[PDB]
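The complex appears here without one of its protein chains, the remainder shown in place.
Each chain carries a letter (A, B, C, D, E, F, G, H, I, J, K, L, M, N and O) given by its place in the written order, and its residues are counted from 1.
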Amino acid sequence: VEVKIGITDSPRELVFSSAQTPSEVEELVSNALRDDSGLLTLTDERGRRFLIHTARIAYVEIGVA
Amino acid sequence: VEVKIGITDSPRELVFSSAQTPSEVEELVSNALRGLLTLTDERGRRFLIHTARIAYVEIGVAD
Amino acid sequence: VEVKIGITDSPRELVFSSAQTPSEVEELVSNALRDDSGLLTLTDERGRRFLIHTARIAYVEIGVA
Amino acid sequence: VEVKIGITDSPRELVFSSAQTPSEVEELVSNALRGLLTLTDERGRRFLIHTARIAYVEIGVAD
Amino acid sequence: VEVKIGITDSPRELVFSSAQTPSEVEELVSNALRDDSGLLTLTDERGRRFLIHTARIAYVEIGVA
Amino acid sequence: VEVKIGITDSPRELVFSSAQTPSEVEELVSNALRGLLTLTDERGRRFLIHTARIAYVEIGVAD
Amino acid sequence: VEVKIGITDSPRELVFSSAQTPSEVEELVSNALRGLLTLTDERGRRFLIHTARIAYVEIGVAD
Amino acid sequence: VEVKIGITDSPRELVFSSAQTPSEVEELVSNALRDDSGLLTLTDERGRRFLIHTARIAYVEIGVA
Amino acid sequence: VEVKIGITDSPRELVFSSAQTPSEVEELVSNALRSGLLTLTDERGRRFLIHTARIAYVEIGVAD
Amino acid sequence: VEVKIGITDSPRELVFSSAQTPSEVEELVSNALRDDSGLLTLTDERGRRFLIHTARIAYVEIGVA
Amino acid sequence: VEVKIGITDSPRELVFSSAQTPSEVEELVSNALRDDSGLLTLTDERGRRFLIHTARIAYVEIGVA
Amino acid sequence: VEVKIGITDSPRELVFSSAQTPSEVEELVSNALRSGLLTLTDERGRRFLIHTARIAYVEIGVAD
Amino acid sequence: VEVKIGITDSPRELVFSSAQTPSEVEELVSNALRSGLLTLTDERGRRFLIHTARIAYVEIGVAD
Amino acid sequence: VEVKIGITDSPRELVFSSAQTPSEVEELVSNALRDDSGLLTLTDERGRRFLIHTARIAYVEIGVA
Amino acid sequence: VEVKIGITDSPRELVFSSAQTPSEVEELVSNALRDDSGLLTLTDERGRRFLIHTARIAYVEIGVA
Partner (left out) sequence: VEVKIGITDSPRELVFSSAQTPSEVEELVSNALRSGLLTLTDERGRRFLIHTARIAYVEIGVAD
């Protein structure tokens, strides 16, 4: 899956290739944004870690499986 | 069909083709606005939007 | 009527052609901005729906009938 | 005659020709500033402005 | 006096020629910014009125007499 | 001598030549930071700054 | 190895080469996010970041 | 030491050459940001004074000794 | 009816209501883009004088 | 179906829904960009006309049929 | 009456009130843009002079009489 | 797999998932940069038609 | 009295108080725009040396 | 090791980790910028390819070995 | 004393304190801008060197002696 993260007050998206399923990523993002844990972590297919300050997320776009 | 989402403090709109009706999309947006809006396009792409960062949602003519 | 909506922190206006009267649009906007309903909906002459987060409205310009 | 409205976080001014007097426009602006300002131009265009997003209002010389 | 007003989150200054003395303008601005009246009014030498939302003032520069 | 004031959310610095000492200017800035800072340049130009909009003040080498 | 820090309302990332492991950097970031994050690069440069101004931290593949 | 200060909502860094040690500068910055004194002062090798509104600091980068 | 003109290196579009047909506006724009001036008038008689080299795009709405 | 046009020196894309096939649009765009003089003209599914100054085109993205 | 001048690579329009007729202003602007060399000069109703570098004109909007 | 295209005077990158090999994409870009059009297709068949003069960079990810 | 100079690709105007007449300033600007340098002095003797190619506009206020 | 590429008219640098020596990268960059036509191509330590339009290069910073 | 240099396509001025007279600086700037090729070089009162690419100069403001 291509995953794209829009960051508030920035025109540049975080984009990476995920090895997880769309439902897995959706659940991660949804749960992070609703239980206010402050930090959302998403890891790409090579093991790069993206640690995102949840309050600065504008949107997450999740591609097709 | 076409849905455009304006994001606060950003010049780029999220634009996608929806298989839902205008009233269906409107209900999702309306309910969210009164912290997360989730919309799916006709191909199954998922858009998870922080409601506080929504400037507007434009919903095109049905078909 | 041409209707133009200025969105906070954006140089680009929402502009559309309305089939409603200027007084109708004025009342819609005025009531939305004063009873804090969170959402203002305006629909153009073709039935395009603009759902606007009322707090992000800078201004609404309403043209002559 | 000419009225210019500066909008916060925007480089574009709202500019129109008013048929009201400077004191009339000033009273509307002053009252609003202390959430909505409504002004009409000489042709009947309506400007509905969110008072919190007003940076300034410049009112030109009367006539 | 040339008077220049810096507006928050804008690179463009309001600039006008004042017929008032520097001390007069200083007192107007100082009093407005300290008694929180919401509105500062400054009028230029031709009678143009600048009505400024006091919270959106970054600075006022007042020239020499 | 040279004083530069950085204003939040603006690329333009206020720059002027001061006749005061670095410690004098520093005291004015320090006191203000802990809603208005007033500084005068060597020619008597007055700078009235909203303290909340100050990003930094750079004070050059004395003389 | 490569660490990139996105700063809110800024187009420029802080980028440096770390001698720490991904889990070590992640722990520092995670702990800070829940007002100051301090990170040191492989040469001993110190990055002191206001946690409220962190948009993201990207941690590259270990080695 | 080169010291670079990132200011919130500005792309331009304050950069200067310090005569202090990296640990000295780190302690100054750390203490200022944690005891909320409102003002951080850093002085360069020539005696230029940088008075920074602590809330507007995004980051401080401190070079190698 | 609605005409929108995108201007190069500017985020603000010129938007007006035209009393002309879509083909009328299209042909004016096409012809201008091949003295360096495009002139368009709106339904109220406002005149838009556009430096053709600074036109990024013109969007023309549906007729009537 | 969806066509997105990137315009040079602008962060905002022109986006519309096309009733033409991807190959049809590709041919029109390719021909316009290779006789790089004047105009690329496209019509959307409702009959709106997009007249694009070919020299100001950064990219055209054509979606799946 | 109202004349608005768009300047290339700037979001801010020059706006003034003219005492000339729309046809008068149109002729001046048209002639300036077609002998595209140097200056378009317009005077407002108070006698302020606007000297515009013709090559930096994006558009001129002329209002209703 | 991931291809990112930087466009001159724009902060937004074109990013897509390619089904082609790194060398295939590299050679297309290299050849285009020497009719002023680069055409790339993603794994779903989306077509990207890029004005070669407006390309700042192309980043090509690791194969597979 | 007030003179405002718009500089290309910049949101900040040069603004100063002139001791010259409107026609004096107008003729200086006009003549410069036809060595690539415009020089203007304000009422205090500040000198503004402007690269004529970077002038977008000059606004000249009412006399006195 | 770290290579940073500044791109004209963009605030965002391309940054990657190189497995080549500083002299190797310097020679590649120098040659590309002096036969200033087409492409500078660099590979990072993981095999990612950076194809840079040489005319749009503002600077290349090459870190310490 | 104060010299301010406006750089094309940048909102930030170069500002420094000069020990030279206004006429001296004016002559240097005038000559540089009229043999418009390469460099304008100015030194401040502390001996800092400002090397300015003459073609990228928008304006130079020279303060009162």
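In the analysis below, a residue touches a chain if its C-beta (ideal position, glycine included) is under 8 Å from a C-beta of that chain, and two chains touch if they have at least 3 such contacts.
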- Query: If the missing chain were put back, which residues of chain H would it touch?
  - Reply: 2, 4, 11-13, 15-17, 46, 63-64
- Message: For chain O, which positions touch the chain that isn't shown here?
- Response: 5, 7-12, 14, 37-39, 41, 46-53, 56
- Query: In the whole complex, what residues of chain N lie against the chain that is missing from view?
  - Reply: 6, 8-11, 22, 26, 29-30, 33-34, 36, 57-65
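Rule of thumb we're sticking to: only the chains that are shown with their structure count from here on.
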- Item | chain D and chain G, separation of their C-alpha mean positions in angstrom | 47
- Message: Using the touch definition from the top, which residues of chain G touch two or more other chains?
- Response: 8-12, 43, 60-61
